[PDB]
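Go ahead and model the full structure; you've got the sequences and the hints to work with.
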Amino acid sequence: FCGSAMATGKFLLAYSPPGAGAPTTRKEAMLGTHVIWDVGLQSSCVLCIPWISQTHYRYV
Amino acid sequence: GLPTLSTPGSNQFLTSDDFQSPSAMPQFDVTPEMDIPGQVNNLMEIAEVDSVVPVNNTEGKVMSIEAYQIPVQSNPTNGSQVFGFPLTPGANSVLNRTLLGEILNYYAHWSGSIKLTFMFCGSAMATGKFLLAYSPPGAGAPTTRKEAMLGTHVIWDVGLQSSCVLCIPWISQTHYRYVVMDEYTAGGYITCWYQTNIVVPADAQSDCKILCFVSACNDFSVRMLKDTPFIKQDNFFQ
Amino acid sequence: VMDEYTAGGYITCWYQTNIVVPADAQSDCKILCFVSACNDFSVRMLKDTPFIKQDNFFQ
Amino acid sequence: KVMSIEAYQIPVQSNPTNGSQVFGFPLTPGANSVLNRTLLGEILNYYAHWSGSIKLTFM
Amino acid sequence: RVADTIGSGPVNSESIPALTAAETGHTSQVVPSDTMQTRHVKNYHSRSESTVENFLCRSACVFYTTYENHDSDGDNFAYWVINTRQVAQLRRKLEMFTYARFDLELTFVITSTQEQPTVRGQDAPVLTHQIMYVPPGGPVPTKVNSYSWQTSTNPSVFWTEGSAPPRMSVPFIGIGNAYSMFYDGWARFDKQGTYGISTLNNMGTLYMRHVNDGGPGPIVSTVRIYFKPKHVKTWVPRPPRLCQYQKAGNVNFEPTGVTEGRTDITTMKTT
Amino acid sequence: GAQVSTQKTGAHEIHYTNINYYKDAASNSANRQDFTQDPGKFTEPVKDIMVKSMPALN
Amino acid sequence: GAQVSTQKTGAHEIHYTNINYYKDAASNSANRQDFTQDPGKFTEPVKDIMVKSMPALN
Amino acid sequence: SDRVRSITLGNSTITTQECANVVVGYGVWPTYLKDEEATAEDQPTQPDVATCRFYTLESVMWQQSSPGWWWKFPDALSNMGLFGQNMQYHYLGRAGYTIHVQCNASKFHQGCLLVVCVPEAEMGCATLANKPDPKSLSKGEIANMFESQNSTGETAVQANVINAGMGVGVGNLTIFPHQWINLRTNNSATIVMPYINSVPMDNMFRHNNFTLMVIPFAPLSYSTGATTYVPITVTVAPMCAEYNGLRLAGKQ
Amino acid sequence: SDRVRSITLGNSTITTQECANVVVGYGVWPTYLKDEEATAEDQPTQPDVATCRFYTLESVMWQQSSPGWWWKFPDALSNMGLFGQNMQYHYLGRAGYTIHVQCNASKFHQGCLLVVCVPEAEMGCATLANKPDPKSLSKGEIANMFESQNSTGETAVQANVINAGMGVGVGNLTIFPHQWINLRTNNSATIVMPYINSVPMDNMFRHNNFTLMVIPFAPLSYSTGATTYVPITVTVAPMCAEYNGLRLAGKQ
Ligand SMILES: CCCCCCCCCCCCC/C=C/[C@@H](O)[C@H](N)CO
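Protein chains in written order, with the entry's author numbering: chain A, 120 to 179; chain B, 1 to 238; chain C, 180 to 238; chain D, 61 to 119; chain E, 13 to 283; chain F, 2 to 14, 25 to 69; chain G, 2 to 14, 25 to 69; chain H, 10 to 261; chain I, 10 to 261.
There could be a bad hint or two in this list.
Sample of chain F residues at the chain H side, in silico, Cβ under 7 Å [said to hold, decoys possible]:
hint, residue
1, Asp35
2, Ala36
3, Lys52
4, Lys58
5, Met65
6, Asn69
Derived pair list, reagent style PhoX-like, types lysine-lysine, alpha-carbon separation capped at 25 Å [stated by the list, open to error]:
hint, chain 1, residue 1, chain 2, residue 2
7, B, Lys209, B, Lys232
8, H, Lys116, A, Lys146
9, F, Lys52, E, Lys245
10, D, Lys115, E, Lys281
11, C, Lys226, E, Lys245
No lab work stands behind these hints: they were computed from the structure. Positions of the beta carbon are idealized from the N, C-alpha and C atoms, including for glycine.
Structure (structure tokens):
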């Protein structure tokens, strides 16, 4: 986050495996893999995207 | 005299009291006990015995041995309902008059699993598979086999063993249900459906009867004695 | 019950300095105050509360 | 203010004077309106005598 | 028993007992010694009387009703469907807790009075009453002499006037693991129907009558019923009822002020 | 099977005796002598303890 | 827990037995047998003793 | 460190930059039902990671006039993914929850919320002779609101905040598990609620159990220029959810 | 932790949110008079908790033009409760003090005060051939003020700050026990002063001992909108006060 020290905010970062569509609302995204980032001293936050595939390898 | 102080309760006559009392016949020599077969110690020994349930208690059938006979026959359709009644053993007409129901009626609360046994009285040449089910409350009663099937069920296949048991587990939020019928204490629905059909060869009846019995399982118990609403009287019999 | 014999004193609060605030910040604030007993507290003599009346059985 | 969440809010603000009083109430937990309706006051009201130290927290 | 106040003296530290953060939802455990110079006091005060049991364990009238010696069919006998919500006092006490488990000690105070159409040579033999408890489902009486008064199974007390309040003890007869004083729910899964504490209420009915049949002069008797919780266990304390009660079967209330008011935040004049 | 307990006596300066006569525990007198006490449930339900002399918010 | 004491008998020529039945010491009978006695508090509060056979004022 | 915080349930993590502690139930942490406490005999389903995760409800905006809001659990979660689907197919169920209420402001903003979980919050009707209706009681994942004046309605809940809809001093809601969000110090409140009820398990549609109430005791306030849009979001996670009595789905 | 602070004397506690350390006298902490150092033979009174507690003097407002203020001890305390009553009834007395000067501002405010305790601060008259008068020297619990120009007066104290009323560089007041209150970092100053004098005890009316001086070296400053009312409060506590030579009360 590159705001200013006086700004605050909470974001919801999410990953949604395929199969259903892409989430079009926060209620849809939230039902999948998510982290709730709260802006504060730690400018940065990590969303780690797990490997969830039926294969082992995906094609590039 | 030993200084004493009487407390509330003195001189009342409580019907369920338990005190000693003088015997009007001092030194009366009773007649020696014998040893009669069939001693009973707990009403539950009686409620644990199968009694024939009058499932077919419709209108005019209620004064006929017919009240006891569930009709079953060959049909041109699939998954038809054979019968259905609620798990309200204390108050429902289907169950309340059986040995189990009569005993429940001398009490206010009950708890336990119940066994329903179905005995097929077709002929040795008839066959068929039925789906017996129990559905806890909350959603409605199942109106189709696909609905019933999603709950507790057994698939009875008619063959050498005429009879089959649907055991109804105790699934309640309470511990005890009232024998009295409360929506809070709703117990679910028991229903039966054709899994296949009654197939029979030519020269054999396609119409058959099925008898159904009830009794308590080993976890059953009743609590709170009360008089039954089943026996009235206008004045002393003579 | 409130007796002059049993008077317990006075609790008061005063500004020691002042509420100083920068421009663009409200100067009006609220303060909440809570109560509870310490570990030496005890009550004696049960009686009914004067806080709940009734004219006749509720139905 | 007694029928408003406002009954609970002590006002405090920047002032042009020194040492002004913010509030004041007597230590009569059982009978004074300020304290008698709190958890502590309600319990005191089921009794006739009390004794102990009391904690007032200001947030 | 309560805590001794331990003597303390001057301080000049960087430990700050007086400063906390109530946001945590945690009550400060401060004591005088933390903010002032204390002397030592050996405290002998005991909290014996605030034990939940001593608080609830005192007989309280929960109801009363009347019936008449003679006069026919409503009048003749009375009945009450047991519940603890028709009286303010007890009800507010039990209600300081969400769930409770306890035994009960019932005591009955029965008194009789003469009514005006008097008659001469009125000299009535002593009166004996009968109280019968009818568990949910039991056949209930319809007139002073219905068969149900034979009580072959329901318990009943027969008591004669002038002889000391009849009394019994009843166990925790609940069907759940505790009696619920509140129930934010419905009786039916579809939410149609009743809502609230009444959905749980099914403790039976009491029935009373005179035993000696009606004499010349009319007599009215009142039965006062007392409840005394015993062997009490209580969970989840709640705020005491503020608003007065309106109905016996629910929590319905008329909004009401948080306290009495005073002129300013500065008034020491206790109301 | 008589039980001898202690009377509420007072503090800066004796026993009773009870025999139960009924078959049911519900018939027994009150438990007026149970002095268990644990405020912690309601006064300090905080997961991270909270020391008094310490800075509440670190 | 029965207590056996002595009855007031008389002097120139026997026991009782009591069991307390209530949980509160206030319910107990009277202390009619306490014979402590100390006049000195009121009869001789003088700091410098005062012997009888002696000259009171020296 | 220690004002910061991270909670992972299922495939969801919550992080906080400035919290207090985490208030825990009545000191009790949630746990599955024990054989000694059980009565329903069928083997329970304990989905786990699919049901005990963080569900984020609709947000709400705090304004300088808001009297407060409230939500009823399990109701609020009846439509959230598999937790909701399990509620439908089962007669019985039980669960605990970790409730995390979020609300960031600025340093120039001020205000303070009470965040409480009131077990068994039976509510009064606005009109004395009626019972409130299902929807006045709970609008699902949508917060209902208290009012700063006597509500009138023929079947509405008497929502005047001062009596918290229950006929008690709102200021005493404190004996229930709670935290405060004083913008000056906090920005979230986290409360873990164990399952509290007078029965081991219960139907999740006909009984509510506990109500979350968020009530501002010191109003949102700020100088002109400061952002006026201050939402309050509520994320909740069932904990140790088990169900019993499987059958077809629905209410009825 | 450690910028926070709590001091309890008697029935009074002081807390600070942002301090420095606590400056202690000349490293000496106050203590009662020793038999080897004593000369007055009568048994002293050592009231304790009733006299060695925190007395809060009148507040003063810091403005962008204030040159400084000063108070003289014991004088400033001659009317404070029992400490003052003991001063009246006794010929002799001695004590140490914990001085806590308070002043909070905002983050947008700026300024810096010197807080010094000058032992034996004999002051000069504005007019060379006279002696200042009692009141120009000390107005009791009411601060006297320095001026930013030569004072004139026929019996006034030459209060031009630059010479601190003593004929020395105000900038060298530093060899005396002191602290600074730089609003940017501080908000209070705490100084413990041991009893310093050339005699074991002394009369508390005819001798002043030490003078507290608060002098802004960087002026209060702020942008428009910021609060302009910035008071400076002074709370003091006698420590180890003993008195000797009891008789009737007064001066004379
Ligand atoms: C011969 C006389 C026998 C009398 C028997 C009386 C039995 C009734 C005992 C009732 C105890 C009820 C207290 C109230 C509980 C309710 O608050 C709750 N709604 C139930 O969960």
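Against the structure, the hints come out as follows:
no., hint, in the structure
1, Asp35, "23 Å, violated"
2, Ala36, "20 Å, violated"
3, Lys52, "5 Å, holds"
4, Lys58, "4 Å, holds"
5, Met65, "11 Å, violated"
6, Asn69, "5 Å, holds"
7, B:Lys209 / B:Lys232, "35 Å, violated"
8, H:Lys116 / A:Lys146, "29 Å, violated"
9, F:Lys52 / E:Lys245, "16 Å, holds"
10, D:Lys115 / E:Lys281, "21 Å, holds"
11, C:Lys226 / E:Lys245, "21 Å, holds"
In the structure shown, a violation is registered for the earlier hints numbered 1, 2, 5, 7, 8, in ascending order.
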